[PDB]
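Protein chains: 2
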Amino acid sequence: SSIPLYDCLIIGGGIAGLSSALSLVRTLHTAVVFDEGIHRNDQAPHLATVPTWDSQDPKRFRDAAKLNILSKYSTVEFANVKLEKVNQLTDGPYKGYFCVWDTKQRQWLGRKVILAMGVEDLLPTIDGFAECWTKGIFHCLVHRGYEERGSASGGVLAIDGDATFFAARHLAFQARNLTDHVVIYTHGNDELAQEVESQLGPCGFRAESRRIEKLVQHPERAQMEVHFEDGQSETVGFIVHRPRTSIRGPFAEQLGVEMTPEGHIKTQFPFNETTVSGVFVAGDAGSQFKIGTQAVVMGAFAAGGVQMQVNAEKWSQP
Amino acid sequence: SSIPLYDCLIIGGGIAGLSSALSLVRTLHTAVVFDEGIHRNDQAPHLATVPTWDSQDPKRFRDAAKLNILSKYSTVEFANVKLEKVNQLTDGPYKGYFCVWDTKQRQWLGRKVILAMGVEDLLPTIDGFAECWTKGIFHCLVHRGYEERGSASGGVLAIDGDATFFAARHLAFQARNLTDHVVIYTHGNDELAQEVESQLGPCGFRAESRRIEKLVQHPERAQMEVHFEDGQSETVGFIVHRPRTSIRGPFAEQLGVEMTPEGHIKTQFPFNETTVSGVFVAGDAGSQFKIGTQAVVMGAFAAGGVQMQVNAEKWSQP
Ligand SMILES: Cc1cc2nc3c(=O)[nH]c(=O)nc-3n(C[C@H](O)[C@H](O)[C@H](O)COP(=O)(O)OP(=O)(O)OC[C@H]3O[C@@H](n4cnc5c(N)ncnc54)[C@H](O)[C@@H]3O)c2cc1C
Ligand SMILES: Cc1cc2nc3c(=O)[nH]c(=O)nc-3n(C[C@H](O)[C@H](O)[C@H](O)COP(=O)(O)OP(=O)(O)OC[C@H]3O[C@@H](n4cnc5c(N)ncnc54)[C@H](O)[C@@H]3O)c2cc1C
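In order, the protein sequence lines correspond to chains A and A'. A prime marks a further copy of an entry chain.
Per the authors' numbering, the first sequence runs over residues 5 to 322.
Per the authors' numbering, the second sequence runs over residues 5 to 322.
Warning: the hint list may mix true and false statements.
Listed next, the in silico DSS-like pairs over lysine-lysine satisfying Cα-Cα at most 30 Å (straight line) [unchecked claim]: (1) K76/A' / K139/A; (2) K270/A' / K270/A; (3) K270/A' / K70/A; (4) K139/A / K218/A; (5) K70/A' / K139/A; (6) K89/A' / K270/A'; (7) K318/A / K139/A'.
Residues from chain A' that face chain A, not an exhaustive set, calculated with beta carbons under 8 Å [as the list claims (entries may be wrong)]: (8) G41; (9) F65; (10) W319.
These aren't lab readings, by the way, just hints derived from the structure by calculation.
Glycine included, each C-beta is placed from N, C-alpha and C at the ideal position.
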């Protein structure tokens, strides 16, 4: 009766979480946005594909979004804390409601939950890769690469998730818009290299099957040195590679939401409700397209599900 | 050989068209954005649910987006003209390519097409409705209504598409967050009024079945006068109503793209390709959720389809 009971607990203050909050304030619904401080693109030099914010800093985008909320609305609060548990209460005075705990054992109660905790990229363990990541090595040539147009050469690291001909081809064709000399690095995979040479060789694409021993990031620029197992090396203007990802936190497991084979949390059309009623997902954790515009739209629809359910629960009571 | 051959013809300079253009410039693809000048929300006082742009002018959003493109990139051009035809050429020197004609019979040729021409709202023909539309009468209580919180009363016009109990209930529950006294106007529909009174009466909702003869917009504010067929009248703080829509232009018909029962152009997952190869759709014309965040994400994915196909067509050639 005196304990705050929020309409929604939003786990994540990234693009998805902020977008959910922005829809909820319009309908006077209450929520807490939890943000542990690390966001997937925090190391990115800019944000792309989001209207008006191209080539602008991604942290400024988040800050602008939060201020754009707090400057007018007062039903959404922001908690800069690290959550370690979320549960649907199965007993006690607030049975049926959801509860989150932070690392100091503080509690928040809510009618609904939006999971917006994002994913983390699982980087290849090639010496130097981590230091080249987001400098010379890009996850998506729509989000990066334009600034490297006219490079002497550009690379595709066709390993792990990208270790298929179709993926290598797809990424090589993107890279070809930026440079006249595309090289596909297959990192010891001779079979893939042969297929690249057979299919794309006639089109001016290079296959390189030597194992990469070290990647060296140039400080000035995107350009890197690629050092091979044989002691030789070369310079490349940039490299595209798409690491596999993993959903962050223990929350999905704790709630028992169903996962998809692709790895993201299974969603119910159209409000992205999970298999646990009253729990929704938005952003990278909730689809195979882990991009910013998807995060925005998913946040809006997740908010929609919250609004519809919370409204009905309140106003259907005489 | 000397005639420009764009990678994509983007029909529409709204949220969807601009978002497509913003993705295409990142990959150096060429396009023309056609904009006849009228956009669906041009009469809206502000834009909602789009991060950083809440409570800001929707025209400023578009202008910022276009400038944010033209200030850095040079592969996308904007044509302020009215198109009257789009065709996939079945003969001549550019057989297989797409072509658009404007009202002055000027031509543009392209490898692909993004249909982003939007929809138009089909307003009820109640005397005064058109003048109250976007002033006191709102299409969506997420996009409007917050500013009317605390109104003495708020209305639901449960006619046409909203002439079902579930729709009336859904909208009435949204309105109830903004006012203590919600009235559902059924405009001569006694059966719906009775169901509203049976179900929602105990919850404090009012049903009003009298035919509305005239709606009068107060100039200062959202408040309106509702004049009934019996000569009596009342004041209401706002009204929510969702007109049916219609896709704009002859383009869908000219191309022969498949339509859905809901009315929007049928889409192929995930790049929103229509049933005509090389033609994509984004925005209100392409889904049942005719909202801004949907327009943004659809534009990005439509651009994705263009990029994938155009890249393959170019670089697969030895
Ligand atoms: C280098 C890089 C560059 C990118 N560039 C672009 C681009 O230019 N354009 C684009 O559209 N996309 C880009 N992306 C993809 C984009 O960043 C994601 O799609 C987007 O960030 C997803 O938003 P999100 O809300 O799902 O996750 P995030 O933005 O990562 O936010 C996740 C939130 O969840 C919080 N959280 C996680 N665990 C906890 C916990 N236990 N307790 C409390 N809070 C927690 C986090 O603190 C954070 O606030 C890029 C990605 C990378 C890696
Ligand atoms: C009053 C009102 C308020 C709204 N408020 C919001 C809000 O706050 N937040 C939100 O997210 N959504 C809002 N919406 C919905 C939102 O406007 C739409 O989702 C969005 O505009 C769709 O974008 P679009 O690109 O598909 O169409 P549009 O933005 O309408 O753009 C259509 C483009 O196609 C062009 N075009 C059409 N025919 C031709 C032709 N023959 N030749 C050349 N060009 C042509 C047009 O000139 C125009 O440039 C509102 C809608 C209305 C009606």
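Any hints from earlier that this structure breaks? Give me their numbers in increasing order, please.
3 and 8
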